[PDB]
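Just one chain is shown here, as structure tokens, and it is the form solved without this ligand.
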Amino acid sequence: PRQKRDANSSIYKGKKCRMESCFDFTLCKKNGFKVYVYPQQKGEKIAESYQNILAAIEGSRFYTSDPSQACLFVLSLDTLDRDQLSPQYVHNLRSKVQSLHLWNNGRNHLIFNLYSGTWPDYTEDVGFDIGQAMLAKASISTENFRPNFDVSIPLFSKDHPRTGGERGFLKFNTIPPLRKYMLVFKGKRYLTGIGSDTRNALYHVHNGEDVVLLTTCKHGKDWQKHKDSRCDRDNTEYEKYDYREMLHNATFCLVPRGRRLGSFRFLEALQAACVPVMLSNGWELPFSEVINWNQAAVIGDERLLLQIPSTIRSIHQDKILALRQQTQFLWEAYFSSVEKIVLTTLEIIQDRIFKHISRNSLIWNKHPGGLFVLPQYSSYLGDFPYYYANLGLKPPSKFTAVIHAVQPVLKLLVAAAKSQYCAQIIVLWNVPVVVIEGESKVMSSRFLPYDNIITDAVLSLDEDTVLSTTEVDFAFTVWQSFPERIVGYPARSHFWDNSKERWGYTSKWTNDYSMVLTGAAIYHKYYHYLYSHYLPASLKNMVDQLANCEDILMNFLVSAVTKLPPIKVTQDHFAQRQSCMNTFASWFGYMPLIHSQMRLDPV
């Protein structure tokens, strides 16, 4: 009974910690998931990478300044590099962490680590006694991984982008997917130590035509001291390529174990669209408990090193295509920036609290990813616009009309009601018609989720926009073909100003468009939730203060989620929009808006 649970909690509070033992679920106890970051002591050095991690946590929606409210804690001390020989190591950390008032043996603390171990026999030497804290370590061995407690995170450089995205390198999805080379590697080899056995045996499999692997022993004093009978030839062959031309011209990239199981080459391989072939035995891949890596890479035991090229050749062509596309999706979803990595770790932790409100194994491994799919809205895949082809479900045949009122509005209600696809009408004051009382003239409150909205599709329509019933039906039919986009009549575009280095907004006779305004637009109700529970309070508050720009942020969010342009269909105030767009781009890190020259019309 409860005695057995208490005994299990007491006994397994060690290296074998799990959530039901080394965690306290009572602190979360709500949909609100909050993380507390310890204040900076202003007496210790801060690495740029940990600064980026803490900025991602602080600028996230899980950040709270009250230690009582949070149910997850992140230290402000530098823990990423635990190597004693590194110039970012922090001394006296073991006693420093025990002086913290809120440590509580690290019961609900999340610690980020990227490097561990010293020169002889690199191990998981975090230094300080972690206790009950679950660590989001980078290079985790399989036998040292807690199956559902720790998180394996990617290893990234200090120059890894904090908010922006690199967009990937797979611009052309060419068939055949094969490239000039078949399997490549260009990195150092170590004469003595641990983790060089697989790197020393690459010359057997080196071919020079399809499998080209180049290694150098020049890694310090041993550049000429203890060089073996192969360094000369290896170095002469090595100085023939660029490691960047040979990375973008290869179908598969080898990612073997170096000194540590993790490596910088993994993220480069995912960015380069080359399918990574992992050789490090006993490596927990980044988010392996959440991402299916058989669909995005090849895993091969380095004990069977010699016959790897035959196995890689035996991989079918369509499998290569699927792997190459999955690699790009994973890069753009969870690895493109430090913010994405940190939010992925926090969301994976959050999914362990309420097991009945979580993301299935399909949301994570399919577009658009788990970061844009919040399970608190619904754990059912049919309530999302993205998962109709994967299931056998057609898009909803009924929509809900929502009118934000601050006469044509009377004609508009009558015209919209006559539509055969209209089930209910909601009128916002700041077929059954519903009137909802408003408390403030907040014009971004028109994107709030409402319990009165039954249909998945929502037609947002301003009172001054007169729209015919046939036009409504045609727009809904078009939306049924593209349920994930915004389908609407009024469209505006964006441009880049070289004069001021600021994004611009046009609204007159443009040659194309990248935003469709929400004044006559149809979109899924889930984006009402995502507009509220994903966007930070700062942007929406600025929108409320300026009294515009809510629909621009709507288009920004939809473009970021779908990576596709909106679909237009047919048949002092101005200066605020530019500042709005610049702030939105600054927060997002890039410009999700995509130009489009298509316009759908009835036949």
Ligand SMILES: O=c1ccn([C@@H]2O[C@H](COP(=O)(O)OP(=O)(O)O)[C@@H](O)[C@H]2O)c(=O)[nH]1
The other form holds:
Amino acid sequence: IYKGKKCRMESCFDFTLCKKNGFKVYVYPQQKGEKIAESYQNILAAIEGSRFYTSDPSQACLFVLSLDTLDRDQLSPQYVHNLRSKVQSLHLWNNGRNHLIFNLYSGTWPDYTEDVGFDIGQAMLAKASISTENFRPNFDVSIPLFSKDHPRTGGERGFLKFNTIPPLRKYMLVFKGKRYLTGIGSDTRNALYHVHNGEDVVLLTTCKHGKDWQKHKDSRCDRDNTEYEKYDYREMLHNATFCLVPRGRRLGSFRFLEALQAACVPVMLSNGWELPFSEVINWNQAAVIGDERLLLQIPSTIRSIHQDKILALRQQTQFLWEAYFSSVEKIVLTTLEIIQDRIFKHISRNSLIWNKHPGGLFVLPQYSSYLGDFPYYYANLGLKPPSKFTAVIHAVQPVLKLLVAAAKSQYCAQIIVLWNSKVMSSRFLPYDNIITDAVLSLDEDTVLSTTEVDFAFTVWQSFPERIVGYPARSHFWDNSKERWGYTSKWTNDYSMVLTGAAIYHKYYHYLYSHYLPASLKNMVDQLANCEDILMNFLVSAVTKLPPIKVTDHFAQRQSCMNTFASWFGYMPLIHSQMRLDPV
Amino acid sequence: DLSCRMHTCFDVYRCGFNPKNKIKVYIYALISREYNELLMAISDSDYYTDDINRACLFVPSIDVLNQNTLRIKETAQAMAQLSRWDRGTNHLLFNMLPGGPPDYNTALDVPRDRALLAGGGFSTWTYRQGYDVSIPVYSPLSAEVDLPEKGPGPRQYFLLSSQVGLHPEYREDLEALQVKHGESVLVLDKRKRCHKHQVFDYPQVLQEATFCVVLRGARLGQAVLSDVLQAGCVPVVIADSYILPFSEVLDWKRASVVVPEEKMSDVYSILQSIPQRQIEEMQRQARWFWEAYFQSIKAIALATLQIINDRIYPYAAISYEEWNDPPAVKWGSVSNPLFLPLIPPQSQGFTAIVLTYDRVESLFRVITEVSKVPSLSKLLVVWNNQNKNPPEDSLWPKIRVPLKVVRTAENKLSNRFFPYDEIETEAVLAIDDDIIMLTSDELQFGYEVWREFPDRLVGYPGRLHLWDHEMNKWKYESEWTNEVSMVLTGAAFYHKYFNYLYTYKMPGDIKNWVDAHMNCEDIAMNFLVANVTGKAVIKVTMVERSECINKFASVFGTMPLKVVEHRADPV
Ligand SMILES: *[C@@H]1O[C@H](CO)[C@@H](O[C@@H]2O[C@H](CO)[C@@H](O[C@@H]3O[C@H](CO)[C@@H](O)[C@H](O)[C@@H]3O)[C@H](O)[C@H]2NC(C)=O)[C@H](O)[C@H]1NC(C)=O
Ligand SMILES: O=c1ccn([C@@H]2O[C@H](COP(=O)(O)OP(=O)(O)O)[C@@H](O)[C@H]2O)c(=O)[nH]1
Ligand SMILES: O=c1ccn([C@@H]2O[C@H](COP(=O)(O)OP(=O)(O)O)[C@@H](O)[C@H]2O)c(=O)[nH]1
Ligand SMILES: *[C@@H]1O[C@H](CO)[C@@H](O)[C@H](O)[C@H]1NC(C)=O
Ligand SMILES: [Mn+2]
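Having gone through the form solved without this ligand, I am curious about the other one (the form solved in complex with this ligand); can you provide its structure?
Following is the full complex, with the preceding chain placed first.
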């Protein structure tokens, strides 16, 4: 009854497996006999490189097939044949009780329907182009339709380098695609010449899509083809304010991600398209949703949008691109986090976490479902940062004088001393003895007066998201060796602050403990250093902002930074040249 | 048709676009008092309209809220006889008890092949995600008794379940939990609630517990939820597959706890994990939800129409904060518009705006000194002096950056804050005529600091405010600088969006008063920046002004300024 197409979590899912242990996902072993596409390989590597990967099927409560399923078009070069009996032969399939299926294309030329090919049964499908008429509200996940050139890790860092008021540029609505003479899904693009005006709204289409370039051309191909020139598409998305993303052969398109990257507010025309991550993302803040039936009056509606709303839409679009759509790893982690939050109804991210900086991928509800326990949403609420902090000292005498000085601080609620398993990076573990949100990590070799502690705390009061610390080190790029460097003497700028004398949030401790993979922690422990470097990397990545400075061992730093950058995919560190001092 | 959504089963041609982005609803002229007052609430709302050929939504005058006496065949005949059914493409129906004595279908049993349904008891299978709206089930107790507005705090009971005629399994599990813990869980039995040798009044007993339990006994939706929200206790819904009312726009994760019916014996342990701060937050959210959406039928109708209008007009939809923020935190909210954390590069610079009046020897020194700094994209001179004429073109200083002189129709001090379309940068330096004691490297470092904080003021002068107990009013202080809360606009880097805000989005008549009094413009700019961005200022190195500060604080209703003790200097 409810176990067919109308599958939900209360019927087509086994919560018993997920209740036994943590939320883990299991990848089927590769058969070493079938072709695997680059996109599916990237997805599988993102799953395996994530913290939810486990090798034991019994422990995991979620499964993902290693057989390629992104390309389900019978004429596609990446299609895998005879999947109907191939999927059924798996011993662990179990009719897809807890199976997640990734997909990007479905259907054939006559009709691009939900032709998944093999009978999924009760499995959940993370198909990209899902119509709202066949989308399960709390079972399926909609993902963006990425291309084969989408970066595995890292990103393009957006395009919007200047926030110029007014946001309006030398264009209003642009489009440069390819119309289709025959088929399904070309009605919206064949009528764009009604909307087209040239001066500000320019819509361009081409009817040369194969054999029909001169065979079945109508009396308007020639006019469109001549005007389809002298206007680069990339060189158009940079001067445009609104990007039109209509429906073609399939509801989704690569144009959506390009519009998100180019900071132009998308204006979707694909009617009944379940937007990517629609169950957690409010697309009314980062996009303008429109209906293709009212195609004629679209430019009037676009002009009716106010200036401040346009600015907010552009900024939210850039945030969404930098948070959830930059890389395929981010997409996979977003889907996995949505599925994980779908399990515990009392431990889940609310609608504000996903749609606000930094986003759901960096905010873990398992730490707390209350927004006041995070340093990110103080301004959104009527709350102020806590007035007390718990100092943390990791000891492996100056320490005797240091503890007295730190205790004299008025805002110091308590002091925790760590003595060493001699894991020097274990000081970032979350401890139940910590009550206040702010945490001061202190080294026994650090000399710090109580007035300086008070100044650091009062500075952190204005910046609860960043790290405020006295020691600062920067990073440089070495052209000769093509690897990132590390300098710690007389640096003009800085991009990192050592945790030994820095103030930050205990949620950063929790995120370091429960977010970064075990491989980086193992490398840090084996090298017996490079833990503050990883903490600064995580904080720069989550905040997108540099820290704040207030007033053989060296060679290992370069290898540490290279490994961290390789895992992250880019360099989250941002140079800073300012130094906050008391007045 | 359960399969279709708004994209196919709804007609948008009737309501294409209007300058006032408001949906148009009509009520057919043909009922319980509930439906009568719902129709009255629809009538006196902004969504009401005439001229049927110009309207979009239709609301029939049919009693459909209660299904006990629904007469499904009669309802189908009425829907056919509406004379504007048109397959029911744009007809909205209100319901709160969509259950049947033989079986609780969790949906309305009328044909409604294409109609729009607003039910109270909605399951995940019978609810159209993008089409239907889940509305609260009305309880007359909300308006019949006016409970006191008791603030959040400790209560004698931790868990409470006051329902009548529950299934024996739920009652047995509740009794097991009560005997397992005791003195905190209080289960009540049969307006009057009875315990073992104890009698409690149903409306007021809920005020004595912080968590109230709601169970699925019939229709998947119980009116006890409204009473739970009214009394301030956090609802604990145990219905396995039930979508909470107004879940599309409201954030129920911050107001209610959903525990599956399978883990009914584990409810207490789940509720224990929630800290007290979140408990108070959820109590406030529940009270706000009751007083805004559950208190009155007019509230239900307005919320439903607002949700539908947001669906029809996403570009004009109200914000999440507007939907689900209590008025106190809405007053305390910030909602910074320059929330995107980007660092602009050095390719674009800043446009220096110089305000001069009856002085030309200081103007030339200012221009010469500013021209020494790098990254000076443009330099604009504002000539407020109407009687005097600008100097000849030859006499202007020789610089390599584009210099232009602005012609001012009038002489108002707020001419430095007008957003000029000739400015091509986002940073706008505002150095006045007398500011000549600044070096080039100082301005360059100020612009460097501003690049890291583009959403807040970066200025060299440092001033602050203070509170005087003798006069019970705000004062001004500048002699001693231990903390900084204000930055004078003279030689102060800020976003031109701040210029736009000062010119156009200013509360009441603040600007009309600065111009009249020809003073206190930096004060107004600081107040506006603090109120809009919710962030302090960055500093880089009398009676009239006090009245200015007091008037600005009175207009805002509070003090948007923040006190900080940090300044930026080169490393
Ligand atoms: C930024 O400025 C706005 C004003 O445009 C501030 O909103 C105002 O906040 C005050 C209290 O903070 C509100 O006063 C309240 O009025 C209600 C009656 O409506 C009264 O019952 C309360 O006791 C209180 O006096 C005022 O209404 C409100 N203005 C508007 C238009 O809602 C806002 O608080 C400022 N933000 C910051 C961070 O300073
Ligand atoms: O001048 C153009 C036109 C299209 N495209 C690419 O083509 C895709 C969208 O256009 P197309 O008409 O091919 O989409 P379709 O309608 O075929 O799905 C995207 O990947 C664009 O980057 C492009 O790069 N330049
Ligand atoms: O009608 C007027 C009056 C004043 N100002 C400007 O207001 C400032 C007043 O100068 P100053 O800051 O020295 O005054 P103070 O507060 O120091 O007495 C200068 O920039 C003037 O150009 C102006 O533009 N028009
Ligand atoms: C669009 O912006 C780019 C800057 O990236 C600029 O080079 C280009 O000239 C602009 N296009 C037009 C038509 O001016
Ligand atoms: Mn002066």
